[PDB]
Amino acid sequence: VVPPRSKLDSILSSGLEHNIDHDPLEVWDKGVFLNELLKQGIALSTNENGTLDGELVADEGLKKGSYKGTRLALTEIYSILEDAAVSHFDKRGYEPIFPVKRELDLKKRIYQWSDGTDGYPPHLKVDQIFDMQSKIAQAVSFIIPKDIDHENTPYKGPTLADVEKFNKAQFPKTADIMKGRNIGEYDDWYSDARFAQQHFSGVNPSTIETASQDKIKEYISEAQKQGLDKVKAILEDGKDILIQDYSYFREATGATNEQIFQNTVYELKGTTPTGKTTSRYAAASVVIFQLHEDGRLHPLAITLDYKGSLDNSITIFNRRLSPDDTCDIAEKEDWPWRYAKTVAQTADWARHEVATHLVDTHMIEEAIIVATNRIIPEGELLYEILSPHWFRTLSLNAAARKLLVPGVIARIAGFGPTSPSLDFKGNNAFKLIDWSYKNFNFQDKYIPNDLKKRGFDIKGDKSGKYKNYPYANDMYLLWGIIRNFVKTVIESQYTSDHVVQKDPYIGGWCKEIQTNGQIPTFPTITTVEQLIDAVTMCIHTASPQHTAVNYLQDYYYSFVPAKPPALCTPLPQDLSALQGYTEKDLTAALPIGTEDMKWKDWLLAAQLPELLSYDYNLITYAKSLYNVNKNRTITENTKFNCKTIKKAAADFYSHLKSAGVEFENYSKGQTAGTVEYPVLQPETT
């Protein structure tokens, strides 16, 4: 044997065999991170008596850092803030960690309504770090250095081919797989096909709708003005013309048809503006599509920024009038049209992250959670069936309110008017949240109601023209299966409309949600059918809908050029300027290169999806419900038969597994080359 002392001497005395620079950081050692935040004064300061003095120790943020180090630092500080929220929510009795018996009367005192003066729709009143009265956003701004190393970054470029090459080289390996890649895996990520497909199977699949006759007539007139006879004939024919309408952004912000969307970002030295500014731009875009009989959604027209009418706007029409159409200009080299698609993507980033995700799943659900906790006692069937879908939701939403919206979304959006905003009330991101919350319709977003209102005959169509809409096909199935389970459970106790109407809690529950919760579209439940649909909607909102709009966040956003949050240059002044656009015009509009603080925009655009990500599923739920109701004797509860709950859970489990097979078929049944849709695989939701 060569003895241990010789193996030790040989390792210490020889040159290094392993170069640490060739081994990128994947995880922060949590203890080293906490020490470094403290060393850099990115920490709460205290008086001698051990209380917080409301300040941070540091006057200014980090001088210097790396892309990878900052990205990981942002995830780490967010996950720390989420841990702090859980701890505070435990301390305050909002979400106890160890189970505690609380009479309803105690819960009415614990769970209060916020008053709206924080700029948010009504949520849990939050009264350690959560003990003060928006400085937590200053701590995050300090983690983003003044400047970073631009070498071997995803934004460096300086060309699109350069960022594409870098993007591909970062993929691991040789549903699980899809998560750790992005749409840039496709060389034709920019294509009409993959652009339009996102409106059916991307992170925002539930807002595309049938174009009204009024809208089609606007686009008929605009095509007449541009002398485009072919596209005018397609619209006049009017065969399955669809719209993604983002024109409401102006109504939502109180912006006039003369005002442009601009975010003027002020560089800060601590709290003090340096005078250096960065401008980002948004657009209330409109996309017109045609759904072909073969199932392929084709984009026909994009209005960059809809300003009251098409007469007062810039509308470009696709050179290609069907999916297979050709012309002497390749899709890759059609820069005016690629610019238009990129603008429409910025619009969908806003609608997705603010409305479809934050409002429609988190803030709507929080009102219902608070209302439920205040009105329905913990012993009740209604509480037992809803509450498991709400585990640690209130604490995560508190973290999101303090950091995500003001610190990230308000920064990379192009609505402004300024970042940081001195007040919430001038800030267009907050107005968009307010408007989206006020204009959410709880019953219209019941899956069967939603699909019909948006003009999709998913129920009965046998043409196969919805084969590229797996969100809709999967959701029709999944809703029906969740409703079946809710039906079996609810009817165990609620044997007639009379039992609903005489219920001590349901009446007050609906009123609490409608008034204090400010969801007047929540039903006044007087029937078993209404009770089933409301409960189905709550479970849908909490689990599969949230999964659908969140699971592939990283896939669709992390390669920023495919779906940027905002434009880095002004819109073209008129249609003439747009038609002259080249590769350089689209590149300048994207956060590519080492100028104009664009590294920060790329970092935060790629980071947001990560912050919203990193057995929380219906199968685990079903097995768990089955298990406790196998263990229950029949005497225990008298309002419902727990053997029926056991039966419902067994049924639900099997129905979910069966549906999982169909979700696969609907994904594989898409037209050749279409991106996979594995987001609802039952042990995913």
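Residue numbers count along the first chain shown, from 1. Take the two forms, find the largest set of C-alpha atoms that superpose within 1.5 Å, and that set is the rigid core. What changes on going to the form deposited in another entry:
Lining up the core between the two forms shows that one residue from 139, 291, 534, 410 moves its Cα 2 Å or more, and that residue is 139. Once the cores line up, the CA of residue 462 ends up less than 2 angstroms apart between the two forms. Taking 2 Å as the criterion, residue 654 does not count as shifted between the two forms: its C-alpha moves by less than this amount when the rigid core is aligned. Residue displacement note: residue 215 has its CA displaced by under 2 Å between the two forms (rigid core superposed).
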Contents of the next structure:
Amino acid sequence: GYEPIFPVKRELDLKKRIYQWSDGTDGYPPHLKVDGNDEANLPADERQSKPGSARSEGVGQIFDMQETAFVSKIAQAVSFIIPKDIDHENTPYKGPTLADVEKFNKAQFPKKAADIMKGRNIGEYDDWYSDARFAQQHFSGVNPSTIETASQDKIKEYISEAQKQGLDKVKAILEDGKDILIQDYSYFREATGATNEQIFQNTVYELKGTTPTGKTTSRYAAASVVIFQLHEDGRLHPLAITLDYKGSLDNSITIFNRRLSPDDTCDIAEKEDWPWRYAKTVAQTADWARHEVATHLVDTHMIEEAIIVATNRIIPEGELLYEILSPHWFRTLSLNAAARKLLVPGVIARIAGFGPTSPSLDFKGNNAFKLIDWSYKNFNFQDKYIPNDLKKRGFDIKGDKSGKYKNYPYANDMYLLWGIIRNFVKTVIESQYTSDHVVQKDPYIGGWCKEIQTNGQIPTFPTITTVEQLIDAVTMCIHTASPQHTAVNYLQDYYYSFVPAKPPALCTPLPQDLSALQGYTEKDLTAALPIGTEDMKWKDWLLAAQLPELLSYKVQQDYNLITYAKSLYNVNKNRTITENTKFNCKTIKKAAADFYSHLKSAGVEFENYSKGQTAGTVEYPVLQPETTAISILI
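Compare with the form deposited in one PDB entry: the form deposited in another entry:
No partner chains or extra molecules come along with it, only the chain itself.
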């Protein structure tokens, strides 16, 4: 005789040993436990191998050999006097003026530059500073998913502050209030637990090895609020920027646009309106933060890693849920390990203006980690289902025929792309989940929900009772891993390579009051940017510029959403679902024929939604299925 072997119980026991949760002492939300976040402490198959290797060896190479070496060289360089290696007679930060920097930038456009825009950045447009091209980023930039209808209380607040400054023209627009949109970063204070008297400051220290020399520099951030009007023709126009929101507008400092329609022209040109150009640069730091922390890192990288852990712990390999979800995980785990190790500490905490210091010792007391922590807690899995997302933020893509969202290619593209995926999920899911009863009698789904709700710390994940709830939930997992991440990741090089367009943080403190702001000149906007060889600003530009170069490297064809729709070949797991005779392989091949046929179709509609934008608007080519990654693999 022997010991009785339970195949499933044995498998899920070995998984709960390999895929353990982190305990939260490292300062991050719940993730895969990896001692010191080292490569060799990962599951054998989830760690990087040489390129061109058998999938068994590993996941190949996540980042560019040479690009990683550079970013590390930079983040390690901790003396304020730039190394001899990096030093050049001509660099993109040297300046000293904006003009000099803009001139260098355009010389560096080719003809690597191996992103989807091929080395072009928003600097190609001579009016990158403009209200049109600023405001458009909230719809077609790197963070197009946060913009929202203003509450009646935020409108009534700006009516009060406008009538206090004595601008009856703006008061009228807001008091009527047709299509008043908001971009609210005021939550940054409550997320870090900073009071309204306190101000965001990252004191960077100069080091010789480990020993600090007493010399420091400072980067500053702001809890900015931006109020827009969306016009009937589809153009988004910014009306007012609050620099740093502190409880009420009375206590904050709020500049209004001198141009109240996008067609307006004033005696002070946009290019020469330094008070407004500054106010825009401040809010471009607030969006940089919300993007790299909330929208990019939390709401895709870390939420998906929780799904990967919970699913590996609860649902056995060869189960249908495992075979539809697992393709969308390739490289994600080893990627996030490198992020917790190198990118968030060395780079994000360094170049952001939350602080309190760089370097740090305890990251638990570091406001960038308090923000990551807060964004993860305040994520809502069901409210970020595209149909729910759009309805909640006040965008009726479905029902509007006025061409008012013509310049919102994200919302147009996703509303379609969501349905295409959900259509593929429904057809495969209903292949075995024939009623609410089969879901309720399922061994793993109730425990899978509970695992993610509790251990994963995503209480907003549904208690799956019905086939509709299961389908939306599997969809949200694939949406998050593939298109939603592709959207917010693959345009980074374009909107960040030209730092002054969207800088990580300010290099000078905010003005004392509105009077001081109103007297701002070019010298004040140039001082606030990482321009010059002084104050270790070389480091701030090089990181701001090379981190996007590192992350924006264009997905190889094999790791595409459309190559999977074609073959259903799971790169991650090195098997194909329709070679598993257990499942209805005739239905799944049909679901994939339709999926692949829907993605070819969708590519033409995405192209058309980009071309349908207001003349001269920047293209939105990011959700092209050929350019959409199967998974969060960079």
